[PDB]
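Student: With the hints as your guide, set chains B, C, D, E, F, G and H onto chain A.
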Amino acid sequence: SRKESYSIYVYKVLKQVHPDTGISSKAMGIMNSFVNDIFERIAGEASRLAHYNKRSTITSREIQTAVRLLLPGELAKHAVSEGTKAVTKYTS
Amino acid sequence: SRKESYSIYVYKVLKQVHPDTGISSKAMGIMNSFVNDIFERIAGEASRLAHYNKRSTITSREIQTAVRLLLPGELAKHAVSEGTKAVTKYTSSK
Amino acid sequence: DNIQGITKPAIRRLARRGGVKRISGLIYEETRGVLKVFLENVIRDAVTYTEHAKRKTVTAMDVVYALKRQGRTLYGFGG
Amino acid sequence: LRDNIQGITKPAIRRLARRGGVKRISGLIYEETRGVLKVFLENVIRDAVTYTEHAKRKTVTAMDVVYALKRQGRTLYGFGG
Amino acid sequence: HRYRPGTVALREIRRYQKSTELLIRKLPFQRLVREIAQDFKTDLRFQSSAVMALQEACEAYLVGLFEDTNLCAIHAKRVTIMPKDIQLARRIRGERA
Amino acid sequence: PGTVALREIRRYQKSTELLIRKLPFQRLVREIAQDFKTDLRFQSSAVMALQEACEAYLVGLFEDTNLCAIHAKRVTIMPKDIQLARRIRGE
Amino acid sequence: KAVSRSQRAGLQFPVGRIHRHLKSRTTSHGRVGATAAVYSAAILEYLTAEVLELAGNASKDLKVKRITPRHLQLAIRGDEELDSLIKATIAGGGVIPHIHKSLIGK
Amino acid sequence: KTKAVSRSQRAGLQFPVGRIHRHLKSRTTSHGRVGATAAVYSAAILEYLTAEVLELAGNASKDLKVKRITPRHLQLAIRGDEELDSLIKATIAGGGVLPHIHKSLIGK
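Those sequence lines, one after another, are chains A, B, C, D, E, F, G and H.
Under my numbering, the first residue of the first sequence is numbered 1455, with each subsequent residue one higher.
Under my numbering, the first residue of the second sequence is numbered 6, with each subsequent residue one higher.
Under my numbering, the first residue of the third sequence is numbered 3, with each subsequent residue one higher.
Under my numbering, the first residue of the fourth sequence is numbered 1349, with each subsequent residue one higher.
Under my numbering, the first residue of the fifth sequence is numbered 2, with each subsequent residue one higher.
Under my numbering, the first residue of the sixth sequence is numbered 2, with each subsequent residue one higher.
Under my numbering, the first residue of the seventh sequence is numbered 55, with each subsequent residue one higher.
Under my numbering, the first residue of the eighth sequence is numbered 67, with each subsequent residue one higher.
Just so you know, the hints here were simulated from the structure itself, not pulled from any lab data.
Beta carbons: idealized from backbone N, C-alpha and C, even for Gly.
Certain hints may be false.
Stated by the list, open to error - Taking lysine-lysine pairs in the DSS-like style, the calculated list, with each CA pair at most 27 Å apart, reads:
#, chain 1, residue 1, chain 2, residue 2
1, D, 1404, D, 1358
2, E, 78, F, 38
3, D, 1386, H, 131
4, A, 1539, C, 56
Unchecked claim - Ranges between beta-carbon positions, derived for each pair:
#, chain 1, residue 1, chain 2, residue 2, range
5, H, 120, G, 154, 25 to 35 Å
6, G, 113, A, 1511, 47 to 57 Å
7, G, 113, E, 35, 41 to 51 Å
8, A, 1542, H, 120, 18 to 28 Å
9, F, 87, B, 57, 22 to 32 Å
This is chain A alone, in the form it adopts within the complex:
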């Protein structure tokens, strides 16, 4: 049966930024772990945020707050400026 991983999107993104470069298989497992750790931290914090405010859904703002808590510094104001591109394009 199928096992499923993020392994292709990290490779796709590598060819976005370093078109000559590659990854060893052992160094893929790192990205395939890291990328789902940050998934869980955002899901867990966004879940608590909905609960504290006694909502049921989790709209964009329930995540933009979870990113603006969880990320340390310039990464917060960058990631917030990056995600507000994506939904602004999607809703056209």
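Tutor: For chains B, C, D, E, F, G and H alone, coordinates are given in the frame of chain A:
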């Protein structure tokens, strides 16, 4: 509007174990908070054993495992005994 | 400036509860540094939980949740 | 099993030390460091066996030890999860 | 009559280590949390009990930092605490470097 | 004099190999698990995932321990430094 | 005549207010009834260790009514516990006395 | 019936908007996972795999190799000032250590 707290149950347990004694309104805030905190740790952590095994339903044998991850030393060995007694009484009456 | 109102004798009291006998005169202006950064790091989160819910007063629950997030929980004000 | 903590032989402790950036190691560091490593192993393999017992397995598996580490603030990237 | 240097420092330990009262003045700490807040969102308001939960958390942090600092000075043969002690304690607990 | 001990630092901070012998560490982890349950079997990747986490803890402790020896004006690390680094860390 | 599930377990704490609480922390799926009866009695049983160990404190000071300078001066003195509550300061609780052996006069 | 256009390409993203929705629902979440909140979440995941690969190949280049072996992660993830805060909890297996001799242990 109205709020739910464990304020009555801690007093009811206090009178089980120190009959002459009582507890300040400043100290109730703490006990109610300790009870919430340990609840949220057990319930929040119990969800993860359901994910790791890909089971749907939270169950006694699952909670039993949460209160041997979250509790240290001999404290765990007592809680695990105490809760087993409680289930055995419940399931003998339904 | 308002940070200088964390007066020298107050630092001595805090220190005395912690059990220290004798305090170098450099510790006063250095300790203010660690208090000022600690308050900075929990007020960022408390105002974040405020701005999320659209209200514009920081509640006791906001500072409780901010402190809870950073591993510095308090039982007292609402667990 | 016999006495297998003695198999963390003195030179190996010196290698670990050398990585960590230390010059000179008093002779009492060897028997202290075995003490620290045995306490760490106990507190992680206990969790790893409780994750195993929940699933009715006998074989301890890599995800069990990774979940065991993850709850103590000591997350490991490299073996999944 | 006048005591020896040292006598009154140990008298103060046995006092402030027996009380549970707050050690920073109210208004001077209330001014500080407002000034640090208005740099992040202008025209806030605080609930009267929010600033108390700041103070009760701060004092309990400062007092813990000193308790872990004195451990360094004692190890380094001194009894006096000095900045170089705090920088060690705060580095091993991973806060600053 | 005093230089070859320093030449080892520049070696082991460049290599990323595991520094404890494999079989001796594997037999220790089998010993410590027996008092939790008899007759485990260990998956070959589980024993590795322990070792990778152990060495990374030990070497973090020697990094944090050295800082204490420097504080006492010494060079040599001593158990009283490990004890301090663990007490102040909260182990 | 309705019974209460607390009485069938033999517990003082609310077995059915739990259950309803757990059913709000649950992925998208349900929770067995026999969970509330060893969820509770492993929250009671910390009470009658948190309270209870105050025998060693409130009664020893000849004062009635538990107050916040206790629990502290206990929860951070008994040491099977402490590990459960490290993550928490106690408001208005102060600290246990010490003084290290090198600061006192020799 | 007018073909299909995947939610990723509509958003402008290389990460899978569909897969992530179906992961968020059936996470430890409450019972309503809005679809606009899987786009502002593929984005604030892909952005790290730029901001953390960008600088890593940026150092595989400097050692004159082609393929990013595992230590080249450690030498960024635990070298950039913001990444060192985001990944505190992480041990990179086979990742080595950032080299350093303490300035007081060198002689003269």
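Student: Residue 78 of chain E and residue 38 of chain F: Cα distance at most 27 Å?
Tutor: Violated, at about 47 Å.
Student: Given the hint that residue 1386 of chain D pairs with residue 131 of chain H, test it: the Cα-Cα distance must not exceed 27 Å.
Tutor: violated (40 Å)
Student: Holds or violated: residue 1404 of chain D with residue 1358 of chain D, Cα cutoff 27 Å?
Tutor: Given that 27 Å is the threshold and the Cα spacing comes to 39 Å, the pair is violated.
Student: Is 18 to 28 Å respected by the C-beta to C-beta distance linking residue 1542 of chain A and residue 120 of chain H?
Tutor: For residue 120 of chain H against residue 1542 of chain A, whose Cβ atoms are near 23 Å apart, the range 18 to 28 Å holds.
Student: Could you tell me whether the CB distance from residue 120 of chain H to residue 154 of chain G stays inside 25 to 35 Å?
Tutor: violated (50 Å)
Student: For the pair we were handed, residue 1539 of chain A and residue 56 of chain C, check the Cα-Cα distance against 27 Å.
Tutor: holds (23 Å)
Student: Honestly, do residue 87 of chain F and residue 57 of chain B meet the 22 to 32 Å range at C-beta?
Tutor: holds (31 Å)
Student: For residue 113 of chain G and residue 1511 of chain A, compare the CB-CB distance with the range 47 to 57 Å and indicate the outcome.
Tutor: holds (52 Å)
Student: Taking 41 to 51 Å as the hint, is the beta-carbon distance of residue 113 of chain G and residue 35 of chain E inside that range?
Tutor: The hint (41 to 51 Å, Cβ to Cβ) holds, given that residue 113 of chain G and residue 35 of chain E are roughly 44 Å apart.
Of the numbered hints stated above, those contradicted by the structure are hints 1, 2, 3, 5, listed in ascending order.
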